[PDB]
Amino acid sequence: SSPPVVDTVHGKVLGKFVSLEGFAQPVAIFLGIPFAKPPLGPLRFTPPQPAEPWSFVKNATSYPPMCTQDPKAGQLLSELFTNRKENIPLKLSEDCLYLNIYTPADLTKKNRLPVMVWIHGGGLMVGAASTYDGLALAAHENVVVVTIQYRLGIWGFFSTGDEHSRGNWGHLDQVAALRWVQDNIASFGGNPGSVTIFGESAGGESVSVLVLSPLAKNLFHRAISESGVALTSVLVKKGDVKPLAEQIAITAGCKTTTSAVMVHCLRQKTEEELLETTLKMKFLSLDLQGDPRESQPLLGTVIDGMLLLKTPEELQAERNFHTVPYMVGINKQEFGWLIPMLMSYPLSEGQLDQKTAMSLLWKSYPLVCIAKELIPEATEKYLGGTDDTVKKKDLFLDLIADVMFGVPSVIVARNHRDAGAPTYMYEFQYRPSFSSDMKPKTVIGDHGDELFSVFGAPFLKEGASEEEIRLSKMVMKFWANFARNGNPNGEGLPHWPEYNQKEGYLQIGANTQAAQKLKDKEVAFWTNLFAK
């Protein structure tokens, strides 16, 4: 087999052919194709620039580096979320603005297959594109799968709240990667006219943000947010960000005389220096002691007036923006195992009481943002069922799982619906065999669990039962169908009701059946409590 060579604006790319069990046409794969100029030196904390064109044939045949992040934390999430047999270790580097392509098309002739661009999660602090192999998806549903990478942590979200460092560089990288798709994907058998953006968690939030940004208008045609939206305050830094900026500057050892001075100084530091600072800050771990409101937050999406002209809560109440089919969905136990574990959540006992509950939730303020004078009312409505200390822990996890993902998600879907745009919702409730051993077997539909079915882990890994194997096939159909027509339906698949007034949504799992009114009670209770 002679390597697939594609011609792109910036030059030619050389890839490799990989065949998948049960498919005639081997999939053409490309790794580490640059879509932007390396954000080094003076390019740090600025919008991504076009990639410099190359003279000969570029070998897109080596997994690219994952943006600088906590290597330990990074590699772990890669392992837990990956869908490939063996996990692929990755190197760090500021030089990370790359994207991988998986095309099943026969490059020998013209092809305009729907394109699906994936934005990985990791709370904007960690993650990589290489973690997800788009082999199965491409072959199984005949779509072009593109996994993109974007600036994380300080490198992609540091903001002085002014024109010296607006922020949201990570998000600008996403929009930059999307343009590349529009100008080149046709060379890989893709249809720049049928691009669908889908991500999980932080990636879900990103898709949520892009669906709102005037900078993305016309860059995609359908969107999927998996367990993550923009109303999810945790990732969106509203209010004056200046204070957090100065805090970072000082930790890195810089004067805070003026914004421009901070930025200039941070541009002076080395990758290693910013990483150490990144770690002293302990952004991914939750601070137990101290004041709930003080415990340093983090850094993420901001309202720069470029990507976002205003907070998401506001924007969504404005039906004058360009709309597109939008699928929003959550898992059964978003806060089941994964997240708590990675945050080192205080759940050693496996039990709880009305007191600790009101105490853990308060300290969990940097996550669920709940006023202390509200703590009780909330703690009661949930943990008031039985007296079982164990039944309590579980309801508490639901409590949180509804605040971060449940309520926000349904709300977003509602508004999008009311906006007059095609909307679909779903609740994934399954337990993949590819779960971690340290995961209690009772936890079903945990954070990220649907990833294995969406990316077809069953056709790359081992031990998947016929049930699981078919659950995956089923899901890819849905996703691919949506990608094709902005409607998940297709012959041979359960019927997926459109999310309208009836609020019909689809429950996916062992038995995939349609239902209605998702987290309706939940949305109600919280819409009020928060209104104080």
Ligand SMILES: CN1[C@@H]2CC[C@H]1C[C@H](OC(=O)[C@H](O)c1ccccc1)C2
The other form holds:
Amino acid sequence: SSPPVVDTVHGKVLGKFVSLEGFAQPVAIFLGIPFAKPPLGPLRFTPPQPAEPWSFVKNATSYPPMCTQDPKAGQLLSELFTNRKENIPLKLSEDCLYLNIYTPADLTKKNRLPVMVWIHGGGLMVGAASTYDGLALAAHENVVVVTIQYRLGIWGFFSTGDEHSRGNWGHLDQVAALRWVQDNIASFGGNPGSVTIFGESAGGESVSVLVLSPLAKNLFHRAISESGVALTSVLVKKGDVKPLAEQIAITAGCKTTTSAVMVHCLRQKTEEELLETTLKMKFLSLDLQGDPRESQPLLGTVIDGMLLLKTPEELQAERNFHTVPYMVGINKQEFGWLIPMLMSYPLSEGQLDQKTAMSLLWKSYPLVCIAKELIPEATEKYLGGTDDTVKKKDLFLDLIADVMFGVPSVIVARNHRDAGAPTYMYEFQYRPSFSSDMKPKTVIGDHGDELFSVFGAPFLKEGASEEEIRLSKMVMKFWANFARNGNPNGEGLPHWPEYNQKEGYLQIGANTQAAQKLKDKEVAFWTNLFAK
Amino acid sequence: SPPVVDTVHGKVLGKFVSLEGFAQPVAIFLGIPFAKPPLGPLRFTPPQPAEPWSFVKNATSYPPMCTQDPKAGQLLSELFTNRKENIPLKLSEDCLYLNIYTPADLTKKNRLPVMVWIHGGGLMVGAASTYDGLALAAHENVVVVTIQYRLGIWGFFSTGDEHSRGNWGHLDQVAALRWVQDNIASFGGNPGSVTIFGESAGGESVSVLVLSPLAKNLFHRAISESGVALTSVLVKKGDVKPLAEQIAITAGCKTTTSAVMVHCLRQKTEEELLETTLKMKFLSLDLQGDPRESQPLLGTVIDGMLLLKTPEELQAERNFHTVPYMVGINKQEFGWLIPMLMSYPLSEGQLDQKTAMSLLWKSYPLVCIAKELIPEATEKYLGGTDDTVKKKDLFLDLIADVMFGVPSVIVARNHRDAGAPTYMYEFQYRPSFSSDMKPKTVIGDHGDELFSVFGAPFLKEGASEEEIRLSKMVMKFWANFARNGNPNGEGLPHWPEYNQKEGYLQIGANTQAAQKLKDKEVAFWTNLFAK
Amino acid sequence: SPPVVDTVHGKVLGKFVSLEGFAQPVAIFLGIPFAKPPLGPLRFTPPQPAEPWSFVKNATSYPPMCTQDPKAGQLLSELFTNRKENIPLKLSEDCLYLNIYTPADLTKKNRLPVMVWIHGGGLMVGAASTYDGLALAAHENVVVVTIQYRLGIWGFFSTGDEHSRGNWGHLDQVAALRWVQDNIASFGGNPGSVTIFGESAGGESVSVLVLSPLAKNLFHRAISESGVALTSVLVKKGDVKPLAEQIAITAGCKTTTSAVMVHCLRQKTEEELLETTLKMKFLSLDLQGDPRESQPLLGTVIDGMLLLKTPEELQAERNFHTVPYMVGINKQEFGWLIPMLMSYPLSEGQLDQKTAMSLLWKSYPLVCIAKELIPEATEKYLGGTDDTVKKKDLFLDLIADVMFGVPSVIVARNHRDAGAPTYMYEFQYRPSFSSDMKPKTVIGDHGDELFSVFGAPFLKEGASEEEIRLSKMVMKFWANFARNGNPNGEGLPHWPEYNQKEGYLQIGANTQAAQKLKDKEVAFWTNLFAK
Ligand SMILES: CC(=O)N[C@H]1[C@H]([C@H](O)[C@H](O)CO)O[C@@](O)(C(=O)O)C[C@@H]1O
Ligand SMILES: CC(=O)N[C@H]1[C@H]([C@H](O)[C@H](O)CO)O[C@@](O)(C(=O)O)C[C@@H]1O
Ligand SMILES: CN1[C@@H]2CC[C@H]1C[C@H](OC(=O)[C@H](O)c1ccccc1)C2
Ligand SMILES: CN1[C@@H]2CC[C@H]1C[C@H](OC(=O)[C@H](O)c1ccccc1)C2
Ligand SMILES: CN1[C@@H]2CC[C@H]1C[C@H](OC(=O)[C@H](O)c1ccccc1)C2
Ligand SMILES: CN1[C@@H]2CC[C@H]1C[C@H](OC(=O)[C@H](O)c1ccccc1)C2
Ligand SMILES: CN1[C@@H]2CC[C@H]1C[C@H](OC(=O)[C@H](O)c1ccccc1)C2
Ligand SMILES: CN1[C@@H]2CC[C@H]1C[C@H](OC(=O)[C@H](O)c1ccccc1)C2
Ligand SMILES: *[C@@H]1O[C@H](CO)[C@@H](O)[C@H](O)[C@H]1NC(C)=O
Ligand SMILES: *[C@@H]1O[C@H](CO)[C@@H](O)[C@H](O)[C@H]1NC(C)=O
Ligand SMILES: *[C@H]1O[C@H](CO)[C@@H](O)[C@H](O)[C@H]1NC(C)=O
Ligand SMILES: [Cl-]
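Could you switch over to the form solved in complex with this ligand, since the one displayed so far is the form deposited without this ligand?
Once more the chain from above appears, this time first in line as the rest of the complex follows.
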């Protein structure tokens, strides 16, 4: 029918209508709306700038490029995480500061539907907004869904530790996208007054970070972190970041005489060159050959003094900042298959013994950060139970998931709670039918498994059993009610308690019901073990 | 003693040149910047104000012409120039300059009428220095300004969106006019009386500016010689993304997104882009490959800043510059010059019906005649004689009418009906300065009026009495127009105003008024295209 | 606990260094940025303010020195340095830094006089890190600031127009002064009491800054050591365009226009410009061919921003804020250093009047003397007697007077006549830190006063009590001047002001007042050149 034409600050955008089985009002979908000026040339390694306005009508009907990244890794993850039946193949480009909108509202009348801005995960190295289709969630819960993109890897996080290149460019991209939503979402029938930010993994961590950043203040009113927070150490760079910067510059064929000299040279480099450098660094890949403490898993969030004035641990300790309803959750087996798979973890055996276990835990230093002097104690506290080598492996993946997501999430959850703001938690346990063929059937609640329920995968992909369909229906109700009231609860849905002193949380799965003291035992074990 | 003048951005030093018999010397200034050199980041972006210089800027040397095909550019400068010897020119992206020729007495105050010249060249080649305004300045006592603008890739690359809207060259023309309004007074010129005029692409430019709201108060009269906004070859209609992409690919750039192409194209050296230009083989009749997919030019587009609609839609709205406008054409626009420059296959010097239709199709990029209408067209023009030589000449008539004759007249009529003063002419004469390679039978070839308009007879050699007179007349007709938005004057054949009677001036050895210019042709084509 | 100071742009962290005989440690801050790195498009453009930093910048490591001949640079550093062992430096275009040495107790509120040092090196080489301000700071309780500024092509390339005015290094010097005004208070200094001083090109810089309306309020006292704005070699007169083109071609650039050259040179890499720098042989003397065509060393030009006209025209103009100015020279300015570093053909040890005139002519790029005047010049100095050996020395006194002696006095007199406190001196002493390859007969060689000024006798070893007392006295005089505009004080021989009696101080083992410095020489030359 007559295509939707929304008028924005920078110009008119033409999208398209797409109907979803069971909904009369078709959803207006806008693809590739620029929220900032392409970070090309001298704009590389600098805060994002406003997009130039355009004349006539902009055709927002093609999927935007995904920010330069490992094209193979990128696609692999996209296929593994997409909620649509046909994974969209994406093109690489530094000109990737776009966002996609899905509005279930009737643009012929004025609406103020709650807005949900999704920040994709990908270890801040890969990923894209197009991987996530917001059609189902928009129609079902009558909410405006916005998936956004931000610079990754070298382009979005290169830091020199100083003012010549603070870092966190990707994070600034995220904040810029949030301002754009403030200034334009009303045109798409959304209520700028109710913007909810939510993300998974690195996206969860980004959400966790904005919640702690003054720059993001008043840009959102509710937040959701799925399998990822600011205390998930692997994504936050503590200490002097100068060494990493130099290594990158050297690998790219640049002198390190000074900071400005390094940045100037990296700006002259072409995209293909910075990509080749990215590939040489072997990011997102477990480094077995070489000292574990020097291994650099990725380029991430730093304490730039602009976005983050100090460390997350210190930031969440304060109690004099703008608070918002925050939902933090994790999956049953955050390290059951997906992550170990992508990083090429040495587990082609199926079993593991105490001795070898202490070996991987050390090699995994860049992800867990457990001192070689604590390794023995840690590994024992987990594998000292059974003599079974197979059950040991399972407890090992438990060990890592807790350090990476479990404990960091509960702690963040607690502090937010002790800060006087509504806090909610959940533990997702369910093996989706859209899992990989290589993923063992015994893995339930793997990293990313909740994505399919959150983005209504059952209503776009085939095979979903009636059970899986309802699960997704329930999940979207919670997320959408949360977006609406800052409380997930609603009639016809299992009661979800607040994460107060009793530490109540919601176990989401075949059997969704409330529980208590999530990871209580582990938070204490690690809080002590780490305290050295 | 060297004339010096205070401009908005600093003092400039020029030179005095006297023309035969004239006591009052013409103060000439060559290579005055009117914009910041469009280099690096500034490429494919709107012209920017020039930076002021501290002391006295020496303006006594000719500026480089905008990057273009060195060969074609020189050839055209030689065929169109009106000075004795053609001057060698340098190429550069640093070409945003304008030359001034003022007959005024810079010591006292003057407000002579200003005439700004926009050279032609298909928007691909050309230069201001090609035209010496000495004769016209002295003879008609007007200040003559010749301006340059970005050409080809540099001045017209468009991604069809905000990353590279296009019409950079037209923006340069505007900036140049802007500069005249702020400085011309210092050169003895009256900024309140500015006439823009040019031929061919420069004629189309004048036409485009006459429809653009950006040039609102930048000129007061307009003259388009052999070229208007309706010469379809110069104005790209529809989506231009395809040609943008072809250019990027030819230059070794990815076409991922507009921003990607633009950025890549900016990282290219002037020389790589010129090489890309040479690769594209513009301004040449492409006899191989589908005619519908050949871009002989990179022209004007509907950018949304300079032009908000197509020139057609802009005429209808009777929404444009209601200033005195003079539109004229020459007897044989496709006489020799253009087909000669485009390597048209007419060696035999004859032409039968079939070959005519076949050639007309290949000429698609120039006339846009649907393959299904080619026969009616060829029949209407050629089915009248069995003389293969006449068919061949009638074929050049047809191309001429589609490119200039018809387009020009429709423009005049619309300009007329909008209530603004309008005038038309048809120049028919063979300048003695024509290239020796051009047959002596070609009368009123493309650009043939240039020699009268710029006083070639007074700077070059060999002009007969008849020719000398012709130039005097044309220059006066032109200068009078700049003064009153009316060409008439004492001692000049009467030029009726192009009103509903459609009176126009037939300029030549014998100059006399006539009516209904290309009237029947306009009717035929309007109908043929209505299908 | 290390020194942490807060400045407008952010917090800096230094280190304490104790000096023998002073309880309060001196806080030293190395490599604080006073401008934004002049890289990429910022090349050949005035310095821009540095960007603020978010935490505590570590300022405890020497900064790189502006790109220059690494060999000449290191050499001149070793020869001039006042510290025990010369510090090896790195080359970088990112060199706009300054070092601070404050003796003030930063936990208190001190406001001591500030002395900003501008090193020399023909504007081609040199570094701030060469001069350790420890001794001077502690001994005279003043804050010492050693600054850096762009050198060679980077700091002085000029097209003679607005596309690259030039004087970039001078604009850096001014920007360093601006920085000092906005931040020095947090280092214990009094922003209202800033004295700029330097030697050679650094002296010429001080001299230039004193005439520039750009620094009319950034300092309160000036000291030019062996070098003023009248030392022709460093200041350019006439069209500079040729030099620009010669540099552009040596770098492999087109020369179509100014913008073209500047644009192309901005695309060059630091190494490429360094390769170009070396190819030019800037500080060496050419013995072959016509001397007038010798490489005109890069230098100060009349840009129209820093200097509105030649220095000789600004001093008579009496147009420049009046501040106390101290101009001084050394006994044998062309004694050994400058010649040795320029590879002068004097290995002979003797010189007749024939080779002298030949050599003098060959010295045109330095002394700038007409060929028809060479005989007089020679005859006047060497004609005295025979003894070719005694003549080479009279030849050296010749060069010295033309480069520093005459210019200095002239400048002093003009300053004095401008009704401003003026002081002159002649340094005649041979530091024990002299090079081993320096003749024992050379006393008061170029750069010899630096060792007393920067208290070398308290950093290097072996200073005799006489040399120590000389250093104590010079520092006393300098600091006294920095805080009163008058060098005199308790425990010091009287230094008369340079009034009409032209009284100046003779500093050395024996320090006493004298009169009419180079008076006869200034007469001979002012005259000889008049012809
Ligand atoms: C008319 C048109 O194709 N618009 C498209 C633009 C252009 O492709 C870019 O601006 C490059 O020109 O942006 C998208 O491709 C994108 O980035 O997702 C989507 C949109 O459909
Ligand atoms: C002093 C001087 O030569 N000015 C001239 C400049 C320079 O030649 C270029 O900018 C290269 O510096 O530009 C012109 O040549 C030009 O292109 O029209 C004309 C002008 O008279
Ligand atoms: C917080 N993240 C966790 C551990 C560190 C970081 C990267 C990893 O990434 C993912 O799960 C992504 O989904 C991904 C990235 C790259 C390739 C494949 C998959 C998961
Ligand atoms: C084909 N697989 C081999 C043997 C059976 C099956 C599961 C096992 O994987 C794991 O325990 C981890 O889940 C893992 C580690 C590394 C890569 C992929 C998956 C490794
Ligand atoms: C409006 N223009 C007419 C027809 C289309 C366009 C190009 C052509 O150009 C010329 O006559 C130029 O004068 C030229 C260009 C290239 C080479 C030689 C001469 C004449
Ligand atoms: C016998 N002819 C002469 C020499 C070869 C052949 C074609 C040429 O004509 C052209 O190049 C022009 O295309 C032209 C000019 C004038 C009339 C007709 C055609 C003129
Ligand atoms: C007024 N100066 C004199 C003559 C021109 C100018 C530079 C020269 O050199 C020096 O002062 C340095 O001592 C130096 C720098 C670079 C190379 C060699 C020597 C001495
Ligand atoms: C390589 N040089 C040769 C032999 C050793 C050294 C000094 C000498 O120098 C001269 O004759 C100079 O003319 C001079 C230099 C320093 C002071 C006075 C005179 C000539
Ligand atoms: C927008 O782009 C799509 C796909 O590129 C195309 O099919 C559609 O026609 C365009 N919209 C219009 C009508 O301009
Ligand atoms: C400052 O830099 C110096 C030398 O680079 C280094 O030794 C010192 O540890 C640094 N100080 C701090 C604490 O950053
Ligand atoms: C133009 O005049 C300037 C200043 O007199 C001079 O430098 C330059 O050489 C002159 N150019 C010509 C055309 O001779
Ligand atoms: Cl992630």
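Take the two forms, superpose them, and find the largest set of C-alpha atoms that agree within 1.5 Å; that set is the rigid core. Positions refer to the first chain, counted from 1. Residues that one form lacks are left out of the comparison.
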{"item": "C-alpha displacement of 2 Å or more between these two forms on the rigid core, among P297, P71, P192, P89", "value": "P297"}
